[PDB]
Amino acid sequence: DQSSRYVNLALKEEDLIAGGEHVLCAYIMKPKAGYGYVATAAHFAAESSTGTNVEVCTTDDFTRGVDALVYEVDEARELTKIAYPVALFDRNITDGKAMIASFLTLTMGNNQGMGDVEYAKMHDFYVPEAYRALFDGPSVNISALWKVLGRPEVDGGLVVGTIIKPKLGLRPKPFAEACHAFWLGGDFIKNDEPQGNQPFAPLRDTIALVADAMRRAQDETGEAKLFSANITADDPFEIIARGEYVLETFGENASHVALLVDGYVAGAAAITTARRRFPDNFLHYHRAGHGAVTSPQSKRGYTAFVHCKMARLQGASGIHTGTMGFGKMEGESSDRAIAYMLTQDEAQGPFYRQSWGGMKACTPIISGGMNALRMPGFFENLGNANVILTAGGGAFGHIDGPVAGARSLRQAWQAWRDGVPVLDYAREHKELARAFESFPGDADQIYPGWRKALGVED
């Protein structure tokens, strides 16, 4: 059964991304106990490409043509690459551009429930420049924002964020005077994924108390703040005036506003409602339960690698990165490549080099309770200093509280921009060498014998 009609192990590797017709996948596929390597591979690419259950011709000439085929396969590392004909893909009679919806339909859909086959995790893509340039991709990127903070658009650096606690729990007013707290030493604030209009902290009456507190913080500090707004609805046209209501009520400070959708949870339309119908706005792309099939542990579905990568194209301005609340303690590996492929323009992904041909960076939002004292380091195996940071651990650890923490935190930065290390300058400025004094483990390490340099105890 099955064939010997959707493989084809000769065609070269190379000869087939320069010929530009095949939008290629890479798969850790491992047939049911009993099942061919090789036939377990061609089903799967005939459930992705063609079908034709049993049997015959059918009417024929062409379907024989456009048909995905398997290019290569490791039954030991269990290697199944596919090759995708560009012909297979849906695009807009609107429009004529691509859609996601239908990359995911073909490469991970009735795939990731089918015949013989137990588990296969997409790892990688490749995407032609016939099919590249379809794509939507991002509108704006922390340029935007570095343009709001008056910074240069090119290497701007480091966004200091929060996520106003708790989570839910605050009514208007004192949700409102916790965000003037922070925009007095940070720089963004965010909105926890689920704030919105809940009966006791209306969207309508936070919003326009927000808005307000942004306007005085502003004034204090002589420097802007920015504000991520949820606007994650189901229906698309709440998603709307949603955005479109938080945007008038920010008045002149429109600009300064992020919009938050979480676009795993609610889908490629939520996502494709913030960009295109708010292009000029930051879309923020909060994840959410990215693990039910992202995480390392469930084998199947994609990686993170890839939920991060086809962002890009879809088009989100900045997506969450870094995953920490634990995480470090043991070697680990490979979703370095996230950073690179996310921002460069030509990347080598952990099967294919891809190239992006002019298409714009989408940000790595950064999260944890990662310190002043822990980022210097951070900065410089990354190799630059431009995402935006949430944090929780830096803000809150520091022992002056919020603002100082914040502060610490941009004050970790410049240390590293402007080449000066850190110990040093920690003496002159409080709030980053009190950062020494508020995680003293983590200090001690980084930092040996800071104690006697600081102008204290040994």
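We call the rigid core the largest set of C-alpha positions that still match within 1.5 Å between the two forms. Positions refer to the first chain, counted from 1. Compared with the form deposited in another entry:
Core-aligned CA deviation for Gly19 between these two forms: less than 2 Å.
Once the rigid core is used as the reference frame, the Cα position of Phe396 differs between these two forms by 2 Å or more.
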The other form holds:
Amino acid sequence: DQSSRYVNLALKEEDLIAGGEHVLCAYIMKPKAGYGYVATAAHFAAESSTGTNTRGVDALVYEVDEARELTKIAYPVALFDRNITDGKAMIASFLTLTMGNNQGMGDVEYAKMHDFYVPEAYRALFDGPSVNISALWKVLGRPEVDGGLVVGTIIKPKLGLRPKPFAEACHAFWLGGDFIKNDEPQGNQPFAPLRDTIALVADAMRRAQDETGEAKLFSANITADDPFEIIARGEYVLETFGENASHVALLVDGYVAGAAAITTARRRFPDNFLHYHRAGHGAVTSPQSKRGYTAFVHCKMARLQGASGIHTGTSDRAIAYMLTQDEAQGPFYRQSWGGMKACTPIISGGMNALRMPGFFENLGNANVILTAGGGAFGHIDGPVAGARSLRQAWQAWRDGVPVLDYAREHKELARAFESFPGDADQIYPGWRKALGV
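Having seen the form deposited in one PDB entry, please provide the structure of the form deposited in another entry.
Shown below: the chain alone.
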């Protein structure tokens, strides 16, 4: 409750950043009703630090703004918990400090973290990604730097397909696309046991690669409550995949299984791409909610933790640069990563091949994994043609060749034109005449 001790409106934020020994947190907090804005901020600082009921260890409120409901806290770095084991930081501590008891405080109506800042000393203690989309680029025969677009999907129905049937759908998508994701719940269901399903998938992977001369990728759901179950799934898929183990990403449903889930896989399989699926993140990181944290904070936390890739959505871009760059600007804090690897944006839904380049231009690169719905593959020669067309669209974008010209020499791309006639004649008027098609 005490202000005086935990409030130092007068602290230059730059001084704080300059002497990198404070984690900074920016929230949108609203005092209950009858309570004082700065009083309540002193109190929130209090409940997130030393409490009381020594002061070099206290959480100081350094900036307030009642109109905007903006509260900024400075957390000494000494508060964060570290491993007794290897001396590394933990995300669990960071959450606990900056978002535990403070999320159920009679006194506060709501409080949601919008951005956070970690200094070098602290930031350097985190695991960070061990691999990213470069690992995938190396499998696909692409350059390690600016490798481009990875074309993926989710096999549907989400649950229902038996083992042969699942394997088979994987094979057919593999004739035109690169990556396949297990949907969220696919695991060891009685009707489609994991051991069976995966051995068949493995074989669908060798069949597809042989028939196309191209490398294929699979993202296998290894989520469980028990870490040794997580590990037993991981080791099983890799061994089954065998010569193709480098082509397997390990999917962890991370929101519903938590940080240990993500940390098990990250530390046990540092050579395989850890695919962070955001399942049910939606109850916290949804604008309808005024509690917890935002998607930006969620995703920025994933880098530090070590996700190789994380579903980002489809600003979608501040997230993207923040995950990608060695220096990014977030809502309030700009951050340096001192060489910490990138964590690849994974986008969903999808547009057609015509729309594709709009996205590429906007983002400024095409260094993402597309997990597209079958709509993005809705194409007149089929979905094989459909996935090729997306690839052809990326390629023309990267060569800086005009779609229309690439299209005359690439059948599936030209056929996407006729597939979405009103999109074509809107985005590239000519087309009809122009393609003679």
